[PDB]
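One chain comes next, on its own, written as structure tokens: the form deposited without this ligand.
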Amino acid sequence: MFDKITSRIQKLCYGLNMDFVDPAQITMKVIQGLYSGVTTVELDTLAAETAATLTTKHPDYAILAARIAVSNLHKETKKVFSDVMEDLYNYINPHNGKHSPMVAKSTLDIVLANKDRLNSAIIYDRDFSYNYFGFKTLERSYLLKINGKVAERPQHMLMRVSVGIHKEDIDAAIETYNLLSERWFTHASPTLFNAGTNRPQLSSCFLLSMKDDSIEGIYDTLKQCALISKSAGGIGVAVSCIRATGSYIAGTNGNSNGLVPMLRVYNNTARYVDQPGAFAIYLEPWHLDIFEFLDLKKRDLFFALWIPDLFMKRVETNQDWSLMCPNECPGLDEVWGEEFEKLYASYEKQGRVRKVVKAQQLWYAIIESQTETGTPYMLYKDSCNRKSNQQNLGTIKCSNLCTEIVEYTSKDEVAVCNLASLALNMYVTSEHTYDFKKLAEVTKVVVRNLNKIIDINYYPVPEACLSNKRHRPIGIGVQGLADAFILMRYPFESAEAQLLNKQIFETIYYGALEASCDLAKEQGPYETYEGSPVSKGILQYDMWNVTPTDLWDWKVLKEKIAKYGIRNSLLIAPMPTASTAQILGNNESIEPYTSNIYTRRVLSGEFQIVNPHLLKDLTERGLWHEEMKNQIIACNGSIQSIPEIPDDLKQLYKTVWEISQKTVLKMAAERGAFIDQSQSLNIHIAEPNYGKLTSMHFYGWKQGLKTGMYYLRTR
């Protein structure tokens, strides 16, 4: 009897490690929610659930689990792509009666005029390549649904995005289709949510100079934020030009209440417009309201600092910092580095300061905020501007929400970003050699994609659109760096890892540029190209004084770029990639495993998950048991103190806490020479003291990092 269930679980067991997967186990839990009443479709989830719990015994359960629920999706959705599309278009909302197409006619009509070539391109066996928690992610949000029931299979949705990008160009579409569905990279969420629809808001982040220091200013800027958040976008906002508390107002002959009351207005605007807000506010440490600033998360806004070098210099030489009001001392954010230290001091040597503190004391109020709340983020204004390819445009006033994007912004330019990410774990061949020829190749495609995205994209406000058209900046990231190192057999901190880290990024960048060049050959450079460091032969690694390894002939590439230029002001920026890395079963971005154990909620409750790579070594060596697992939870996810585990692995699966943050910082410093934008650097300090922190910032600062620190994590 339960035999009829088992022999059916078994069907989807192909290629799985049957030392550790045992279908009999599931059946024993499933056969009990059985009765004369419901049957198969119900029991289908039942088993998927059960299987999914069992992930703790073996990673293959996640995959088995996945497969079952997938089988069941297929058993309840249309096969033919064009036919699924047809339904999404037609959907009359039978609620009111008005027609509401879920895809866009043009994408429909493109799809139908090639129903032949697109339909038979889709390989639906590719829906089994996702793990459970990955699949469930898609099913919650990424797969389009008519009234309850999901319509799109994951292939459908990929094909949709693909043609949603390459429109009339089928070839480019089917090659993007493949790449994606084999999980060689991914687009940003907005792209996957929106490509092929009526509101194709694909970009994924915006930046924003505060238009002007008046009510009129503050409220136009506010109108804009509301508008971007409407159509999804995250925002960075440059706020430093707003006059401080006490600063006189001529028009009303009153006295301004300063930056904070104004940050309340914005906060409140984020609680409103949603589809929760998310603004990063960037303040410069010379602003007279910087102290109140540091108490605010100490609320729907994240604070970040636009640090000028001068400030770091003064802090380390126990010194005199002078807080100014931007009304009283104009243009202080319109300038960086040299011209800043001249202009700033000029105001100091002119008396015109509102209040002097010791540099060191401000510093320590920062360390206080970070230990409390994990914020403010630390970004170095001078580093960012010095190594920016957009420096010919002016002074770069701030960054995006996750500190990775560094772009110019003005009264009439609001910077945007279009992002995507390469799955580094996919390029390590089954020989523990890393395939770079293939990595470069895929980047070049991602560039063409992102580049196409600029023109088709829906822009929420006009100067988002004006910005992006002038400088055509893109942003390309990575995920699974950690899994790459593990699949290679490399302790994250090993010299072996440390080289690979450079090499990977020498490659991503080589390809990006090379592809950006071919596009410039094809359609000319972006119009604010000539004037920039690349018209001058100075690529990103030069600005760092790094000479790359002989892996690629940059000699040859520079001669190309000298001939036809590039298409995009900027290209690379490794980002958090939180939501996508969940689908692909990867560790987020460039960071180690925070723990070797963690959970994940899925509708009702959670599932307990051990590091997939890890569990596979412990079980094969027959070291996996009850209390074995129960102990690692006791050690917050480390295995260092568990006695019967080899030397080999204790090294291989060190958690981020057990890793040297100095080393982490140094490694970013390395790769960051081939990242033309910035990177989202979290810092993990187990037991913090103000000492450890202070050298951290200082170490990373000395390394010359564009972003010093995204989040500080403490416990």
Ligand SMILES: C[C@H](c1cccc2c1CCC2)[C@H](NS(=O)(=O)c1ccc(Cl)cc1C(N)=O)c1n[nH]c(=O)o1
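Residue numbers count along the first chain shown, from 1. Superpose the two forms; the largest set of C-alphas matching within 1.5 Å is the rigid core. What changes on going to the form deposited with this ligand bound:
- Comparing the two forms between these two forms on the rigid core, the single residue of 618, 517, 180, 288 with a CA shift of 2 Å or greater is 618.
- With the core held fixed, the Cα of residue 633 is displaced between these two forms by 2 Å or more.
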Contents of the next structure:
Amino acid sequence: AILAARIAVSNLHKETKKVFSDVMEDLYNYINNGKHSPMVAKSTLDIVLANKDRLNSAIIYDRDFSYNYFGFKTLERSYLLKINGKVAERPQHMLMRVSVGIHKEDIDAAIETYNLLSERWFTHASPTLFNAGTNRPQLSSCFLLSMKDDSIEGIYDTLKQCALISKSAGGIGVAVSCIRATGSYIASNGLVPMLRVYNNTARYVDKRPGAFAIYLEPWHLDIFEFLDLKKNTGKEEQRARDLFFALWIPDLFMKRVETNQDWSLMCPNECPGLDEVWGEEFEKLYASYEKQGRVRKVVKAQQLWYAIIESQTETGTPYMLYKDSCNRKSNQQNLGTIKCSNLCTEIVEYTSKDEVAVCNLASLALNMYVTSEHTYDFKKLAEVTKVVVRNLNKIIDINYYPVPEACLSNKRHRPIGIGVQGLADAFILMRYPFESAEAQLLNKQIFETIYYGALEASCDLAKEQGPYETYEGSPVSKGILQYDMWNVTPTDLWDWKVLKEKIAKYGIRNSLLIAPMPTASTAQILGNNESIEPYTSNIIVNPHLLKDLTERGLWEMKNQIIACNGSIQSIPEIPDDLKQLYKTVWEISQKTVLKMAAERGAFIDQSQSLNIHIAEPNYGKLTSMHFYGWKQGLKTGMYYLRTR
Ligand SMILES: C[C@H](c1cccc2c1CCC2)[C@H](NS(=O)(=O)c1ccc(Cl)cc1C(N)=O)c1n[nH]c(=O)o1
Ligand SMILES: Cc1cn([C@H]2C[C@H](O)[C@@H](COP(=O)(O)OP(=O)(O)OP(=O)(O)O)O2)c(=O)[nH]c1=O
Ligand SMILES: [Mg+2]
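Coords for the form deposited with this ligand bound, given the form deposited without this ligand:
Below, the chain from earlier opens the complete complex, with every other chain and molecule after it.
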């Protein structure tokens, strides 16, 4: 497979022009019909030709050879622009296009970005990679919204918003608690038939079928029916299988589950405003409605708990979000109550009828900052973060917004989401088992570093461009950073005092900064394990384990690993230090996974797309897992449940 990739990359170089500007000209002048349909933007081309000598000479075509086989084949499929079904763009062409698309006339910045991207220190999000240096550059990854109104008018205005966004390659998170339930007066069919409309809309507007995550609060009267919608067994009229499901969960629910108290299901039209308040304020409003008997049904909290867990055991959903933790520990709390997260559970941004929140995303490749000394290069990590911040910050200003509420929101608050990939690789390269105390300090210190670098850059930008419009009155404005909100003290690695002085002086440019996304595609391209996830299995054979065994002349063996679905724990010849290092996710404590998410979480001002891998799950296991996560203060307690 090593040789296979070289052949493939070579073949592509043979079948492509070498000069970057020639490929940019071909792409612009592209003609179908016989209509001039440019595959790149006029502005970008005008700039590329104006700086063609420096831009064409900046590019290092040997870097195309760094891509592994499957990563390279992913690129050809989706990321390299095609003329007439044939690839015109080399990967380096695409990165420079991306680089110039973001940085425009600033050639020094564009080449700085080019070099960082082609050496794979970090990557931008797929939509950026697709559309940067193009007409209608939709570079932002996903979106969040609230139902406009509890009316056919608002419901259908929101459906159109979703259709327009989904057509322009956006994933969606949708808050739907404010919509009235089944059997309810109109001066109502309720939620399930409304969601069927959204479901068919996702199918209709792709090619990848539209990706809509539906967020419901567990007090909603339709909650039990919500939980059935993803089940592969039922009547077509009672189901919606192309949608994705999330619960937006108050502390009060979990408290009453824990104490085996009653739980009241309410109609939002009768019991308004529950999604516009959080914590104590919610608990007062909710209690007060119970005491007014504005309550459509009463169940044991534990009966709803069981149905939540039944649902997850069957489908792996719903996603578990902790509303109160999300709102309490958000720099956006000055804007009002946050009603949902997004498609991937990592983004925690404010929505209103006027505002559709946007996810501007990138990921740092944590593998790259380990030295041959087996030391982590935190300084370099922070330097690259600063660049990504400047890049994402520019993306807000150049992005083509599919609805104007997305534009108003992103410009008002300027949130970004910087993530990571290769966490499990960085541990392996430092010789630290994922669960080890050593991995645990490094986990902490990586995200401390990321958050520090991010803030510094965002502060530098605020010095230059002034603070974001809603900055005054946010927790950061009063000297409160994310770790403060968790009552955590950082390690001695970075000087926060110095940073907090700069922030107090100048402000910051971005309301939020950090959000570890799934990195499902880009991780594969770059040859790293996905996001913050443990090593999923040891089989191609894993390149670090392969290398380690080869070096010890312990490389039959590919076949025994296949025999055990990727474990090397049974195999007797492999020494115990390597076994610890290459435990698969199924041999790794999820309690420790959750603890590590919480520990990082103190330096994550958004949230994390945290999957949970339980091999043989049952009711108690999932109950323990959820309550542990919730009690740790996690914003996202679970993205997908994954099982063996
Ligand atoms: C469900 C349970 C669990 C998860 C999260 C929090 C808590 C628990 C039990 C107490 C609190 C979880 N059990 S488990 O998932 O079945 C499991 C146990 C040990 C190992 Cl090595 C692997 C696995 C696995 N991935 O499949 C767990 N992680 N750590 C632990 O002690 O139990
Ligand atoms: C008209 C109609 C509304 N609905 C739902 C959508 C909304 O959740 C809710 C309200 O729809 P509306 O369009 O607001 O109906 P309305 O204006 O008559 O009601 P009110 O004066 O009480 O506001 O009812 C249906 O499910 N089926 C229907 O045929
Ligand atoms: Mg109405």
